[PDB]
Every structure is written in structure tokens, then in C-alpha cells.
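Full structure from sequences and hints, please.
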Amino acid sequence: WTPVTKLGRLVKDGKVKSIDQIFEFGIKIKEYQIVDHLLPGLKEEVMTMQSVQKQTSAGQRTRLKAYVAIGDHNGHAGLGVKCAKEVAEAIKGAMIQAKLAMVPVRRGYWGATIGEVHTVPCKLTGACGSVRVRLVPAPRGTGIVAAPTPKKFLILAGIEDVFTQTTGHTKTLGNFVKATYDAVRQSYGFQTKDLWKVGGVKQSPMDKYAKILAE
Amino acid sequence: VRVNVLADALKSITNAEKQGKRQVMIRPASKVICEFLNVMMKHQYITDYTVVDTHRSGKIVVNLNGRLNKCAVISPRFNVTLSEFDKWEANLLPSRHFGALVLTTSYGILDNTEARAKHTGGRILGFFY
Amino acid sequence: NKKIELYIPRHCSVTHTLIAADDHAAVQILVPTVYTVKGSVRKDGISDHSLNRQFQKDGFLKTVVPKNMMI
Amino acid sequence: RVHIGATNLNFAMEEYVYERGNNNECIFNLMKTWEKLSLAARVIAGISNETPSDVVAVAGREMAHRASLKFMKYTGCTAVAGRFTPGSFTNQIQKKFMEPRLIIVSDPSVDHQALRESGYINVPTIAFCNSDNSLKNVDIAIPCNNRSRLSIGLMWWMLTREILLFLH
Amino acid sequence: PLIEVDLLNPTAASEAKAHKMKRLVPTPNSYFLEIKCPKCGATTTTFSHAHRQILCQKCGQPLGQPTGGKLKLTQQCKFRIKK
Amino acid sequence: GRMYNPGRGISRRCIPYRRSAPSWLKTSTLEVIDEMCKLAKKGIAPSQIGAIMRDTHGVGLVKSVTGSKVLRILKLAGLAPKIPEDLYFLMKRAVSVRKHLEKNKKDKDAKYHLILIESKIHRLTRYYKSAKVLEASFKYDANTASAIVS
RNA sequence: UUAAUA
RNA sequence: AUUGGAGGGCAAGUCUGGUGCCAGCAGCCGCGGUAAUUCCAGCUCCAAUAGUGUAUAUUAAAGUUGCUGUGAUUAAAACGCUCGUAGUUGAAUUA
RNA sequence: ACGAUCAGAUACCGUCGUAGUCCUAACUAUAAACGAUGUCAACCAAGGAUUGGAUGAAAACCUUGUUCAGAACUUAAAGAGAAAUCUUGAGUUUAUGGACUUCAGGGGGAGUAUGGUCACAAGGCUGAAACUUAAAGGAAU
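Protein chains in written order, with the authors' numbering: chain sc, 37 to 251; chain sr, 2 to 130; chain sx, 4 to 35, 48 to 86; chain sb, 27 to 190, 208 to 211; chain sC, 2 to 84; chain so, 2 to 151.
Just so you know, these hints were derived from the structure itself, not from any lab.
Hints may contain errors.
[To be verified] The calculated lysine to any residue pairs, modelled on SDA-like cross-linking and capped at a C-alpha distance of 20 Å, are:
1. sc:64 / sx:11
2. sr:19 / sx:60
3. sc:159 / sr:115
4. sc:66 / sb:113
5. sc:229 / sr:90
6. sC:83 / so:22
7. sC:23 / sC:5
8. sc:187 / sc:205
9. sr:12 / sr:75
10. sb:122 / sc:250
11. sr:22 / sx:19
12. so:27 / sC:35
13. sc:229 / sr:115
14. sc:64 / sb:125
[Stated by the list, open to error] Some residues of chain sb that are not near chain sc, with every Cβ distance over 10 Å (derived):
15. 57
16. 77
17. 91
18. 95
[Claimed, not checked] Only part of the chain sc face toward chain sr is listed, based on derived beta-carbon distances under 10 Å:
19. 144
20. 145
21. 146
22. 147
23. 150
24. 156
25. 157
26. 158
27. 159
28. 173
29. 226
30. 227
31. 228
32. 229
33. 230
34. 232
We put the CB at the ideal spot given by N, CA and C, even for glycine.
Right, dumping it as C-alpha cells:
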């Protein structure tokens, strides 16, 4: 409640009815409550609880770092990282960060347009640190052929079928999820053949409702 | 030394599109380079091209329109049997609807789709998404 | 049934490439028509010149871009 | 002397520069200065007609403070005179979280902080660029002199007139 | 270059600046000229970048000296470009 | 780049886009052939023969006037030297370096460059034998080249 | 100037 | 209805009795110095099931043998440098 | 070989001093022989300066415009990488293929033993195994 930004005000007034409108014009989300309004009932799943330490004169300062993945099972996903002194708060802090880090997931078919969309449209590669995760489209029957760490994330994004090939120090849990989030992130940035058409001209929600937000 | 002129040309085209350039220039022109461009035009990956005659294996200027993700040549042109097509596409192309290979066959230089229709194999030249 | 695409992405008016949902440097200039510039073009120091070509194409400018550059 | 630029010429302003002067100073094209200025003013007028507060004009250098402040008066667009706080466009919890839909900067070399933040908030920018200035993170550049007091006051006053005492 | 010009129709000035080989269609920067002799009226045609002493066909008021890239014609030798 | 050192220069000549003789040129092939014929009898390399015609007679390209190259013209008249010009000049340098090396035994840079020069000779001799220019009985020898090159 | 070890 | 296990890899007990850096467990990290989640037992449930553990070897994992497919500045790894035969690779061009 | 210092000092400090350091002829063929970055070729973001040319202007030297070759330097929100950093590449690589050669496979044992070969000799080139061990190592906080 109590929005601060324009997009926060617009969604509270119920003028931006779909999250896809925000993704259409590339508007940054700065309040996690915006995602709560537009994507209700998001499933949750905490990837890991890694504890870091900083050496001090009096000893060590242990903080808990939480990797949480959020996203509805219909093509949206988000990954957020937060570290703090308490496990309960760190999850809550990473809970917020996951919501502002929502990204669209473009998925397609394997060989024909029959049924609903199940798999990625082309080959995508995550570009984290030494870890690199490749996703390949797969037929209908095959599940998410992947390690448990990115399988948990890919389940949330709604990708039912995929083939994976990982490379690097995949034992690094944080980079393993980050690499998957990166391959998914650029799904809508890779221009395939069907996206050649420029389509029509659409009005930005911040310009059509610029007057009301001022008043 | 210049071993593969086609490799030089396709690297120039891919580099130009990553920088967003409008048109690019290729210094050595060949029949094979022209055929590869014609295949890419039929799929509307390049607007057009012109060939200038310098009496010295002249130059080619290619106009690009935001559509060629990557065109690359394939080193030694393997003898691709008709049964080895889908093995090559599964390796080199992103999906089953997006890209196209290029093969040199006795019926000319054709992509994988119409070479399959004409029922003929040959050496593989390259591909483009 | 349901539409297979989440949304139809915008096309940059300069490089004719898609505008990613995470591209937080991509702008939209309204000339009382819509112009979209990708974030990569802006950071390179060229978006000013690229818009000059597009502005001259649509008539908003006449004697800015020379003929040899008008492509 | 708005036409007279600096000595070193940026690669992005070569089109606007007409011919180097007698002692190796760049001389801008007057028609190109007006053509860019009229286009920029039209863009500002299009946005500012509904919501004046969404156009932000910043002016770091001291001889541009007064010119920008009157531009605030005669158009209603918010003007930033002193130093630009690094985060006033990105920190929403900050009490001075001002949101623009367009940014006007007196000098890219001095007001770089405002320009660089425009790459985080999806906001086009307009600048009064000199022949030496770097044309990064700007979208409409007005080739002019932005060091001498006369040119700074005139260009802002000319821009204010087209959107619809300035000298520092 | 980040800013790009047309690659099919280069300007007259732009082609002149470029190296003799890096033009659209490479052209030599040299030419053939004739030199009227200071001693007589005969005109001797010779290369612009001659690599030897240039003598008249009549006598030999030597008309030029080869100097590493272009003939060093005498100050009193007048020439025109053979088109 | 150059064959033997990392130097990389592009100093070339630029043939004009006009394969025919220029309009202002009026000398026919008869004068061109005989003028070239007289130069060959004087013991002048084909590369230098064309330069003399270009500098003095204004015949900058001979193929644009006669339709055949200088070497082809000289072969028809039979005045082409038995040893190809480029190979001949290479064996002239190998002889000259060797003569200097007889008195200066301690010169270690001349020994290196003589090795590079002789490797060039064995590259050209191999090529000209495949082109049937030189009979297979030909062979470069230090004790022999001093006389034929002389 | 000299200053080894746990 | 048995076989193996119940600290992590790896599903399963921060239950109770003895043992006290001993006996031992432990493929790896490791647990045990008297309050053991890992020893020896009792109860319970974890996996598979007429099968289930162990030991050696093949294959996958191993993009840690590379054609698809690796790495060579600093992690292991560009001959001190040049010439050079076999070998490998070789510009455009022919209705 | 003396004299100091020190617990001792066969060392650092001081004095003397042989082989050597220098030239000629012949061996040896190793270096942190380093840019720790093989050779050739294509594409490639902004600059300022410099060495040697060619070409206009300004009266060999110097100031400027263009262009070719060379050793370098600065900026990058871009590309790459584990990072340091690289940008005349260490870029154009899971969107993996321009041509060729050499080398590496956890740390030791070990460049050791043996065998072969070269050298007057010291040594050089090629070069293991048994056994032992969960780490050794790289960049950064």
C-alpha cells in the first residue's frame, strides 16, 4: 500500500491490468507489492541457505545468504538474493528482491502447434560466472532434464519440457541458479523469424495516464 | 594467407550486424559468395547486394536489415549424405523452424529445405539464423 | 485457446532489433510519432546521430544529415 | 558567439561543425543549431503541455544557474540549479525522488551524473553540446557554445521562447 | 567508424584522401604529362613518377630529376596533364 | 607479409581501369616492338625494359598497346634470356654476398642472409622446373653460378 | 651495530 | 520377508541404555577425551523387495582424451629464434 | 687468506687476492632465452602524441591537412575472462569449425633411474616405473 512511484500508483488504481504491459515497455518495477497485485498466488521455493563470514578483530561475522526463486507457472519467474544475520529475515529480504526481478519467459513448441505451449522456442545459454547453462527444446513427453537446482527454477517458470547441458563449477549453488535465470532472461531478446513483423503502435501507460498521475 | 574467402566474408557480415551497421563491404568476390548471399536473400535475411567490378576480383556491398543474427561458414566441407541432414540441423541450428543450412550440390548451392526436396546431398557450406 | 506469446516486443527504430524487457536504457521519444532507441546504441554515443537520420527521413529535419550519410 | 565552439572536435559533432576557424576553433552551422533546437523544443512542448513537472532541466555550471531557473518560471518544468545529488532519479525512498519524462542538461561534461542516471530510468535526454563534448546518453543534441555567458543565456532563452534577464 | 557513410557513392573529396589502393575502384595517383623544353619548343611526354633523368628529344636540357616519388622538374619547365 | 622477416609493407602499383591504350597514345605496335627489341639486345631485364618505354616513350602499359606482355614479345623474337629474370637477379645477389664472405669470415649476419637468399633460389628453381621453363638438368651451384651470372 | 626459537 | 541404513553426499531418530580419543565406525568430509545425532545394543521408520549388500573390472557420469569437444599470460602446458623435406591447407576466373 | 660482528659466522661489512673478466681459433647449446602471450590471414569503439617516408598548404630546420609502415600510450556504460586484467586482443566461442605446428592432463617420486645419442669435460636431447598422498595450486575480499 501507499504507492510512491507512478507504476505503483497506476497498479493500485487498477489501470495497468497486466504485468505483460510493464514488460512490453521495459518499465522497471521498484515496489514488490506491484507484483503481488498483478500476479496473485505466486508459488515459492527457497533454493539454498549459504552462510558467509567476514573476519574481524574479535572473530568472525556470520551472515545467512538466501537464494529464493519466485514466479507463476505461466511464463513468469524471478530470482533474488539477500544476506542478513537471521534466516527468517534473509528469506523475507530475498522475497522482496525476487519480486522486483521478475522477467518474462518466452516458450514455444517443438515441431507443431498442437496443444499448449510447453518448451523453449530456441537454444538459450546462461552467462553467469564459470557456470554456463544451455537449454534445448524437447518433445512433449520428456520432463525438465536438468540438475535439481535449475530443475526447481525451470518448474516455476512453466517450462515443462527442456534439455540442458551445463558447464563450469556447477557445485556453486548461487551461480547455478543465476545462470538459469540468465538464459531465461534473454528468451524474449533473441529475434526469431516469427518476431520480424513490427506489429502495431501501442501507447505507453505512463504517457496515456500522465495527466491523472500529476493530478 | 586467405585460405577461405567465404569465411572472411561471413565474418565481416556477422561483425557488421553485431555493431548495427547498415551496409558492409566484402573485398574479394566469388561465385560461391554470391550464391550464399542469394540463398540468404530468398529467406529475407539481407535486403540486397551490389557487386562492383574492379578488374581484380571486385568487391561486394551488402545491405543488412536487423535480421541476420549470425551467418558462419563451416570448415572442411563435409560430404553430407541425405540421411545426415537432421544430424547436422540438430547441431547447428537453433530450432526446427528458424534457421537454414547451406549446401553445395550438383544442382547448385541450396539450403537444406529445398535440397531435401530435390533429393540430393553434397558438401556443407555454412548456415544462418 | 490462450495466446502463445506473452507480448509482442517493440522494435528499435535504429537497429531494427527487439527491445529486451530488462533494457533499462531504452528510451521512447514522442515528436508531435514514436521512436525507439536500444540501450546499446545510446551508450555508444551514436543515438543522437541515428535519430538525425530517422528525423530527416520523416521530415522533422532537412539540412542536418549530409546526403552521403542519409542511409 | 554561440557559433564558436572549442578546439578539439568530437566525432559525433563533425556533422554540425561547418569549418574550423582561423586559429583552429570549430564553427557550428547556424541552420543546424536552429533545426536541432526547434526539434528539441517541440519534443519538450509535447511532453510539458500536459504535465510540466515531468520535464527536468539541470544546470551544474554557475553561469547556467540563472538561465535554468527562469526556464522553470516560464514553463513550469522542474529545474535543478546546484549540485545534482547522485541518486535523485533512482532512490525512491529519498524525499527528493523526482521523476522526469525528459531531461535537459546545460553541459554533458559537467552534468554527467544526470545523464548517466537516464540510462537507469528509461528517460530520453536533451543537451546543449559543444564541439568537445562526448555525445553519450543524449538523444537530442543542440550544437552551440555552452561556456560563454552570452551563449548559455541566449540558448536557454531561445529554447524557452520556442517551447511557449536570462544572463547569469 | 561509429558514424557510417555510403559505401557505393563516396564523395570526390573522400576518394581523393584515401590511399590509392583503398578506394572503391583503385586508381593510380600518377599521370602522363609532356614538358615543353626550355631550350626548344618540343614537348617530351613522360611519366609523372619517372625514375630516371628526363632529357629532351632535341637536346637535353635535362627537364627532370627522379626523387623518390615524383619527378623534380626544373623551375622553368611548364607542363600540362595528358588526358 | 614478407617471406622471411616480420615486415609488412603494401607498396604496390595500381593498374588503371582501362585495358586499352589511352586516346593520346599514337605509336603503333611496330615502333613499340622494335624499340623493345633494341633494348633487349642491349642486355636489359624485361622489368627494366618496360620502365624505359614508360618513362621515355610514354607506353606505360605494353599489354594495352600490343595485346601481349613483354616476356611473350621477347620469347617470340627469341630474345628472352635462358635464365628467368627474377631467378637471375637472385643468383647475382648470392654470388655478391659470397664474394664478400670470402674475405670477411667473421660476418655472421651475412651468413644468415646468404642462407635466406639461397633458400629463395631453391624455391624459384623448383617452381620453374614444374613450369618447364628450366630443364630438369639445371641445378644451382656456388662453384658454377659465379660464371653464368657474371 | 646486534634482534635465534615456540 | 528379508537385506542394507538412519551426520552430510542420500530417504530416514537432535528417542534411551552401555561404552569414554579405548573399543571402534568411517568408500570421501569426519564422529569418538565420560551429556557420542556417526561405536555397541533396544524401540521406531527409510529404500528396495524374493531379493538385497560387498569386492574387482567395462560403460555413462568424463566437455577429466576433445572429430562433434577441452586448455596453453598468471592454475599443468607456445620449441630461444630462423631456415626447411615429407604431411596438411591453398585468391578470383571458363554458359 | 686475513680483520671485524655474532652464542657461533665457513656469510652479509672491510683489506689482499688465483681461475676468470679482454682479443684470436675451436667447443659447449643452456637462461625469469619473458610480452611467462606460436606462425599466417580477415573484421574491429573514441582519441592525443611519436619514429621513417610519400603528398598539398604555409618561407634542411619548424607549424599544419591526408595517407603508408613501426615501437608505444589514454578512455570505454561495450566484448571476453575465475578475477587480476586484455582492446594493434587474452574480442569476433555451447550462436562451439579460417590454415598449420608444438605442448598439458591432481600434487610428489622427477626431468630421477635405466636404455640410446651428442660433448675433451661439466653437461645437453629423449625419458619412465614402484611407492605415497586429498589435496597442491590461480585471482581477489
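Okay, the hints, checked on the actual structure:
1. About 18 Å separates the Cα atoms of residue 64 of chain sc and residue 11 of chain sx, which keeps this hinted pair within 20 Å; it holds.
2. A hinted pair counts as satisfied when its Cα atoms are at most 20 Å apart, and residue 19 of chain sr with residue 60 of chain sx qualifies at roughly 16 Å.
3. Distance check on the hinted pair: residue 159 of chain sc and residue 115 of chain sr sit about 24 Å apart at the alpha-carbon level, beyond 20 Å; violated.
4. Between residue 66 of chain sc and residue 113 of chain sb, the direct Cα distance comes to roughly 14 Å. Compliance with the 20 Å bound is thereby established for this hinted pair.
5. Restraint check: the Cα-Cα separation between residue 229 of chain sc and residue 90 of chain sr comes to about 17 Å, which is no more than 20 Å; the hinted pair holds.
6. Under the criterion of a C-alpha separation no larger than 20 Å, the hint pairing residue 83 of chain sC with residue 22 of chain so is consistent with the structure, at around 13 Å.
7. At most 20 Å may separate the alpha-carbon atoms for a hinted pair to count; residue 23 of chain sC and residue 5 of chain sC meet this at roughly 16 Å.
8. Proximity of residue 187 of chain sc to residue 205 of chain sc is assessed by CA-CA distance (about 17 Å); at most 20 Å being required, the pair is judged to hold.
9. Taking the CA atoms of residue 12 of chain sr and residue 75 of chain sr, the gap is about 12 Å. The hint holds against a cut of 20 Å.
10. This hinted pair checks out: residue 122 of chain sb and residue 250 of chain sc have alpha carbons roughly 16 Å apart, not beyond 20 Å.
11. About 11 Å separates the Cα atoms of residue 22 of chain sr and residue 19 of chain sx, which keeps this hinted pair within 20 Å; it holds.
12. Restraint check: the Cα-Cα separation between residue 27 of chain so and residue 35 of chain sC comes to about 14 Å, which is no more than 20 Å; the hinted pair holds.
13. Taken as a hint, the residue 229 of chain sc and residue 115 of chain sr pair is honoured in the structure, with Cα atoms around 18 Å apart against an allowance of 20 Å.
14. Between the alpha carbons of residue 64 of chain sc and residue 125 of chain sb the distance comes to roughly 13 Å, so the proposed pair stays at or under 20 Å and holds.
15. Against the 10 Å criterion, residue 57 of chain sb stays outside the reach of chain sc, whose nearest CB is about 31 Å from its own CB.
16. For residue 77 of chain sb, the non-interface assignment is contradicted: its Cβ lies about 4 Å from the closest Cβ of chain sc, within the 10 Å cut-off.
17. Every C-beta of chain sc lies more than 10 Å from that of residue 91 of chain sb, the closest at about 26 Å, which supports listing it as non-interface.
18. With a least CB separation of 21 Å from chain sc, residue 95 of chain sb remains clear of the 10 Å interface cut-off, as annotated.
19. At its closest, the beta carbon of residue 144 of chain sc sits 8 Å from a beta carbon of chain sr; the interface hint therefore holds under the 10 Å criterion.
20. Checking residue 145 of chain sc against chain sr: minimum C-beta separation of about 9 Å stays under 10 Å; hint holds.
21. Checking residue 146 of chain sc against chain sr by beta carbon gives a least distance of about 7 Å; that is within 10 Å, so the hint holds.
22. Hint on residue 147 of chain sc holds. Least Cβ distance to chain sr is approximately 6 Å, under the 10 Å limit.
23. Violation of the interface hint for residue 150 of chain sc is found here, the shortest Cβ-Cβ separation to chain sr being roughly 14 Å, above the 10 Å cut-off.
24. For residue 156 of chain sc, the shortest C-beta to C-beta distance to chain sr is roughly 9 Å, which falls under 10 Å, so the interface hint holds.
25. A distance limit of 10 Å between C-beta atoms decides the matter here; for residue 157 of chain sc the minimum to chain sr is near 6 Å, and the interface restraint holds.
26. For residue 158 of chain sc, the interface hint holds, since its Cβ comes within 10 Å of a Cβ in chain sr; the closest pair sits about 4 Å apart.
27. Taken as an interface hint, residue 159 of chain sc checks out: its beta carbon lies about 5 Å from the nearest beta carbon of chain sr, inside 10 Å.
28. The beta carbon of residue 173 of chain sc comes within 6 Å of a beta carbon in chain sr, closer than 10 Å, and the hint placing it at the interface holds.
29. Contact between residue 226 of chain sc and chain sr, as hinted, is supported at the beta carbon level, the nearest pair being about 7 Å apart and thus within 10 Å.
30. For residue 227 of chain sc, the interface hint holds, the least distance from its beta-carbon to any beta-carbon of chain sr being 7 Å, beneath 10 Å.
31. The restraint placing residue 228 of chain sc at the interface with chain sr holds, with a minimum CB-CB distance near 5 Å, inside the 10 Å limit.
32. With a cut of 10 Å, the hint placing residue 229 of chain sc at the interface with chain sr holds, because the nearest CB-to-CB distance is about 6 Å.
33. Annotation: interface hint on residue 230 of chain sc holds; nearest CB of chain sr at approximately 8 Å, less than 10 Å.
34. Because the closest C-beta pair between residue 232 of chain sc and chain sr is about 6 Å apart, less than 10 Å, the hint holds.
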